[PDB]
Amino acid sequence: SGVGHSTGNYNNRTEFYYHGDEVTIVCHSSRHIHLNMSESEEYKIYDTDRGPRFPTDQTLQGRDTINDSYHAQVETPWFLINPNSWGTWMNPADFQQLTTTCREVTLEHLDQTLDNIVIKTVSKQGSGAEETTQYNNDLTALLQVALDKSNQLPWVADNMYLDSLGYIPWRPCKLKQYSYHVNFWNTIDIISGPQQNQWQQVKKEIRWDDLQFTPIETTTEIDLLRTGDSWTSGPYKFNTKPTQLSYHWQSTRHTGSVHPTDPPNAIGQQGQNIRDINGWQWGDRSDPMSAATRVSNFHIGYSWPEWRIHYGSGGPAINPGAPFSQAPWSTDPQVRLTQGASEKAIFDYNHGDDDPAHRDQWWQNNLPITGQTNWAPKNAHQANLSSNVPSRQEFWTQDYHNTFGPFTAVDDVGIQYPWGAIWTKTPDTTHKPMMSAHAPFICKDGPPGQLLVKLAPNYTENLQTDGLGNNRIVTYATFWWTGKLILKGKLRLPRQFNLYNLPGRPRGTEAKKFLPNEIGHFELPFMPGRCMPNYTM
Amino acid sequence: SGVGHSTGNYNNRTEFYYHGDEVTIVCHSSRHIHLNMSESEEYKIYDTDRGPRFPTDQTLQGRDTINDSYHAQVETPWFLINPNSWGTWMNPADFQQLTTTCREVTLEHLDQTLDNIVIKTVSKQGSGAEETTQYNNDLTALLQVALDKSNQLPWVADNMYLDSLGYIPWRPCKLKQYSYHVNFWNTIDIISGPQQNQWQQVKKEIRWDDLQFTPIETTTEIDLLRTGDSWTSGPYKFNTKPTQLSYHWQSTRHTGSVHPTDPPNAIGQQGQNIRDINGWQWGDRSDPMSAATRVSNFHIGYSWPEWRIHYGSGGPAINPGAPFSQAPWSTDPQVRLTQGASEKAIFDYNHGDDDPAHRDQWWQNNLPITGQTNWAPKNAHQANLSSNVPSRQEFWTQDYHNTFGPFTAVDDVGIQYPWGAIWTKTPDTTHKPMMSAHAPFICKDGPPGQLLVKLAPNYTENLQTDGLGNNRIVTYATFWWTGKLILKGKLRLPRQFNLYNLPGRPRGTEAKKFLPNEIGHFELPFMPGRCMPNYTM
Amino acid sequence: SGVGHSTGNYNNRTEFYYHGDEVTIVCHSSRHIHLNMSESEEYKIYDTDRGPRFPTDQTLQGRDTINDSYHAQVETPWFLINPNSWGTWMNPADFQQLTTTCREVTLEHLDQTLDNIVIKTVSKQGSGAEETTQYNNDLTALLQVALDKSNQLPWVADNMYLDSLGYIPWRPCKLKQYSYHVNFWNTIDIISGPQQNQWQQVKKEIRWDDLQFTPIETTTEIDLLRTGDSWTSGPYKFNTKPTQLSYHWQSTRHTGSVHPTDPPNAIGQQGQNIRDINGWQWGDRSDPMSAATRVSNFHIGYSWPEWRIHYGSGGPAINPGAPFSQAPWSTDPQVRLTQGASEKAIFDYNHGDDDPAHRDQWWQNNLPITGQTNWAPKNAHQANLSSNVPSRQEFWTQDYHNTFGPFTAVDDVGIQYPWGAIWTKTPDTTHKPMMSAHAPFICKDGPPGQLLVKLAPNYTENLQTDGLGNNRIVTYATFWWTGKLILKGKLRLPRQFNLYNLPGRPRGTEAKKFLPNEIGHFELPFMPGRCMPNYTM
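Going down the list, the protein sequences come from chains L, H and E.
So full-length UniProt numbering is basically just the index in the first sequence, starting at one, shifted up by 170.
So full-length UniProt numbering is basically just the index in the second sequence, starting at one, shifted up by 170.
So full-length UniProt numbering is basically just the index in the third sequence, starting at one, shifted up by 170.
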């Protein structure tokens, strides 16, 4: 190109192609990215404060230790571009088209580019209120671009902390610095002290002798780009497995053969369960034949120590448990039952909040997903199962056992449209996780490479080793990210006689939200991604 | 054919073909099926009573809520033919041949037909004790036949409720109507009230806005058959995995290298465990070297909250646990220990009971399967494992934890000959069950399609919309189902020097049972299907 | 075939095929039809009573003369099978699939058959309460089948009077006799008498000298069918034009360039219309430049003498006017404004009512269709249009003029799912109608031929010319109609950023309707067929 030729165009429109039972979705996305000169040109390793609302005393007996943010990390001068959110890609009407017409979807491949690089230096004349800023584009300045296609850098592209390209095509995007954890010990003893009601710090430190420090420079090759230059990543092919776009309402009581019933006679009458019937029960039960004790081949859902806080080497964390809905147990609407492994997105103006300077939030309670719902305290167990009822003993109620086992069938959450991550890195361990607690797609052979960008340091006349920022000219860049990810769906067709409830906005919400304001402010709606019902087995 | 030509024959004999280490079993089965005019020509959706022996009060503190039969369902006018039981296929001597000569077996493919359709209308003349019935075959009447080969209907072909073609070749079979569950909430709180000793209904209702209604007519294509007509399903090919025809007696103490022992000298003496030996223990143990604390690679069996009652969206159900034998713990014969995930078949005259008007029962306690036996209260855990014994603390006994994990190896029940189901539908969920609590074969790609039959309604002169059965002529049909399923076994050969105990009748039983009576009444014997012992590892 | 072979099968399932922007919908439908012996074997010509609720006096000044049912007709012994309703074809979930995924649809071709003919004679023995009916199938009896593929018979297949094959696949259908109007004069003078407030009959008579009588026998060839016989119509190809599956919200004030506006500043402020602007107005207006008087190229909608009663040769009728919504004018919900050329379906158990012995009704007020809404009394006209406002004179308000003209653009109603007709006969006149007030498809070259059926008369031993029904044996038939119509849609894709409101049940309704009952009773929902919004110009 040159100084005066643009190196790319803008395509943010998505494509649907229906042939047979297959549906190809080509999602185009384009962003205008504002980049600033790095705060420091150096890599920094440091630990942090314990975080806000962490206990300084034992008044709460240490139940507040779940508010630990403590950690250690390497501060990279680079910046991360991840398009790892749904909604960086599709608009609300495009995701509605996806989930109405597709029963499941996969990731096919990903492309992305960077072009129309503009680097400006900001100069100031005069002083005081007479100070005048001038923005001069530096035509010979460089932008540094690193993509690790070999996945040799630590992966932090999880959309957690919602650091991702924004969801609204016409607004500018602003990157966050690339940073990763180093080895540290944070171990908190909540059993400490007499009566074992006190919490105590055991070890909180950076672990230096075991630590790993990998810079971007010695790891991946870096492209240096002027104004007339562009960058393409090349094709990336996913290998994942499809995600279900439907939700399952069947429990193990909704599942198999139906208990023999005598039909009702008139419009007010109910069916009657037949008393003497033949079939397979579990224990010695031969007379009750309760549909409850009917033997089945599998079991849908499992119990857990809901809100399991694992106090590990790095600190307390949550061990999630299975997703489901508390709607069958809900009763009072005011009380909010979080126990279905619910999640909550806290988001901002670029990520689909209408208000600048304040953040909005969405608690996904997973209401459509029932039949998987297992509240651990509601369960029980008996010593024996037979024609006799056990006594006060022989019967236990509130336990909180993990009942995951070889016979259980569960679901995952699925796509969570605006704020949910798309793919995920697979942990490199002897036993790889069977499924993911958040991201619908697990990458079997390496996640899409991380695109890291940096402005090359632009130095003044004098260069002093003692100097940091006083030594470089104040600089910023704006450029354009474009990307294309392609999806493969499977055509959804009616499986029932009656009308479906088709995808749409969340229940209590209206449509004046989600539409631009007099100032241009609007939100993106939550789209479940498991949308319409389907049979399990 | 025509009115006066028969459209098929009767083949109920089974074939064994031995070539090399492979053995092909071709099971032929033929049934004479009696069908009646549907009670109603319409689809009905209704819920039921809570069931017999369900509590109307809190006297039992709500431990009787396991007797819940409540549910909701769509009443289809159609009728189900499922040959999904073992024993619809093989007679007792044919299944003995299978389990003596085969170490494992698979399902190969299934064929089935319907032919020799006979439809009669029953007319009555006179009134009172002079009333005379006449049975006239209606040559132009139709039989409706629907097979869903695409598995688009809810699957209820689980042989639970023993609704399946009968086990005795020369007796007539009688179908049950096809029915499936709809979406309903049944949630029972057994923690309710002060002291948390009371039970309460939370939500019991049909869930209408989320409900799915699929008729047979809008789903699958229906064949209309006269007398001279027949129906073949076409070939169905299973893809499953083999089932083990042997039982495993080895626990993790029966498994690996043997503790070093000094042999006995004379006929009364025992071996002595050598005191100072070298090897891998678990904790700091270096001196005891108890075979108990020898490290092993795996563990055989797992604990569970035996008789786990999961109170889910549809109601309470049992979360099974692993099958095993209580025989090592049995002691007193009178007490019946159900905790090995035992099952009980309640069956009737056509399904292998000798007495009409009464039902017999068989409690399968799984006695041969040991080494998998884990009674959860009998276990323990310690804080540390070392050359020292822990104190009163540091040692816990009755826990009921699920100990299934990454190192565990377990079995399933296997074939349960007369009353057990053969195959099963795989639940459509993110995590598919690792194995099945009952049916020995899991269908990876769709279960054999369900054959639904119906008599077309035969109407009188006048047709009134207000009329139901007063509008159609009283009609019934008899026809002949034939089917062929083929099995692939692997030849069993002696692995030991000493004599085996070969398959036969259950222990306490005699042979005057299982043989016809002066009236022709007899039972079919339970055949374990895991019959002879084998080594695990 | 023969007596004992069935001549066809049952396929009621619908198919969707998506390739590119084209979508083929193959609708299969199958009905079980109950036919009775004709009331008379002869053609009858007669006139009727004036009808219920017609005035016998002048108390209402003759405004009740709109309740005239009077007419004359030829009574044919034959019976009509018309599948001319939407909903004879698709179920609610299949029509939802159509209107979500298609922006417009055409009719492609139609096939239909008749098979599995069963003819029974009913005999009675004894007398009194001892009387015994016997139903004997007469194997040599005939069914008469006439299809006029040349459209030489009068066409009465308009689904008006909802005489059409039923909407529920599993219920029996019952035909109505074929009948058509003859030439009669009915002329009512509502101007009669002094003060012109009285109504009077002018001429009410059958017009015999001009009358036309066409039997089925001398017109079309008739097929005679035994039990082992079937009938296929052959292919019929439609030539029609597509119907729009979207509704238009734009009026002529929603349409073109927008009035110049000064945008709002903060969240509560509104835009301000700019005062001095340049553009094309209508009259001498140069200063006001009201968006109202902006010249436009076309005009959307037209006024009418709403509820125009044309007193013609055959009697009073309604001259419809354009369809639109009264929702912008609605205000009070209790008052029901009918003036948008609304329609009302009155239907019964087979046609989608849940209650037998009572009828339900649906008033289609066409609420989504706005921008076409022209209430004639709300309009006005002025003498001159200029910078001056006219006086009390020069301005007229309540007029009721027909404002249809050369510049107007209007819509039609579109598909009305359960009860609406599909196609229509084109009147043979010098000026053919531009569009249709009800049926979405006008047949340019002949409507699908009318299928007329009749049982051949089955006579007793003696045949007397004086005898009518006393001469023929009491007979009825049941048989099976199958048909296939194929549609061509155009793929609907998102035209907007925000979420659509997707097709579903009518607003105030719940889903416990539309789903089967404990007795099996349910309704079919109204599906608009103009479902989602779209831009006009």
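Misleading hints may appear alongside valid ones.
[What the hints assert, rightly or not] Partial chain H-side listing against chain E, Cβ under 8 Å, derived:
#1 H189
#2 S210
#3 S297
#4 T310
#5 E375
#6 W378
#7 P385
#8 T389
#9 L394
#10 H528
#11 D530
#12 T630
#13 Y646
[Unchecked claim] Coverage of chain E stretches by chain L, computed from C-beta distances (three or more under 8 Å per stretch; other residues unrestricted):
#14 266–273
#15 288–299
#16 680–690
If you are wondering where the hints come from, they were derived from the structure by calculation, not from laboratory data.
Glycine is no exception: its CB is placed at the ideal position from the N, C-alpha and C atoms.
Hints, one by one, checked against the model:
1. A distance limit of 8 Å between C-beta atoms decides the matter here; for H189 of chain H the minimum to chain E is near 42 Å, and the interface restraint is violated.
2. Interface restraint check: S210 of chain H against chain E, minimum CB-CB distance 7 Å, threshold 8 Å, status holds.
3. The beta carbon of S297 of chain H is positioned within 8 Å of a beta carbon in chain E (closest approach about 6 Å), and the interface hint is therefore held.
4. Hint status for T310 of chain H: holds, given a least beta-carbon distance of 5 Å to chain E, under 8 Å.
5. Among the interface hints, the one on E375 of chain H is violated; its C-beta lies about 11 Å from the nearest C-beta in chain E, farther than the 8 Å criterion.
6. Given the 8 Å rule on beta carbons, the hint for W378 of chain H holds: about 4 Å separates it from the nearest Cβ of chain E.
7. The interface hint given for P385 of chain H holds, since its Cβ lies 7 Å from the closest Cβ of chain E, which is under the 8 Å cut-off.
8. Checking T389 of chain H against chain E: minimum C-beta separation of about 6 Å stays under 8 Å; hint holds.
9. A hinted interface residue such as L394 of chain H counts as satisfied when its beta carbon comes closer than 8 Å to some beta carbon of chain E; here the least separation is about 5 Å, so the hint holds.
10. For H528 of chain H, the suggested interface contact is broken, since its CB lies about 33 Å from the closest CB of chain E, more than 8 Å.
11. The beta carbon of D530 of chain H comes no nearer than 35 Å to any beta carbon in chain E, farther than 8 Å, and the hint placing it at the interface is violated.
12. With its C-beta approaching chain E no nearer than about 6 Å, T630 of chain H sits inside the 8 Å limit, and its interface hint holds.
13. Annotation: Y646 of chain H was flagged as interfacial toward chain E, and the flag is violated, the nearest CB pair being 15 Å apart, outside 8 Å.
14. Coverage of a stretch by a chain is defined here by at least three residues with a beta carbon nearer than 8 Å to that chain's beta carbons; for the segment 266–273 of chain E and chain L the count is 4, and the condition holds.
15. Residues of the segment 288–299 of chain E lying with their CB closer than 8 Å to a CB of chain L number 0, which falls below the three-residue condition for coverage.
16. With 6 residues having a beta carbon nearer than 8 Å to a beta carbon of chain L, the segment 680–690 of chain E meets the requirement of three or more and the stated coverage holds.
Checked against the numbered hints listed earlier, the structure breaks hints 1, 5, 10, 11, 13 and 15; every other hint is satisfied.
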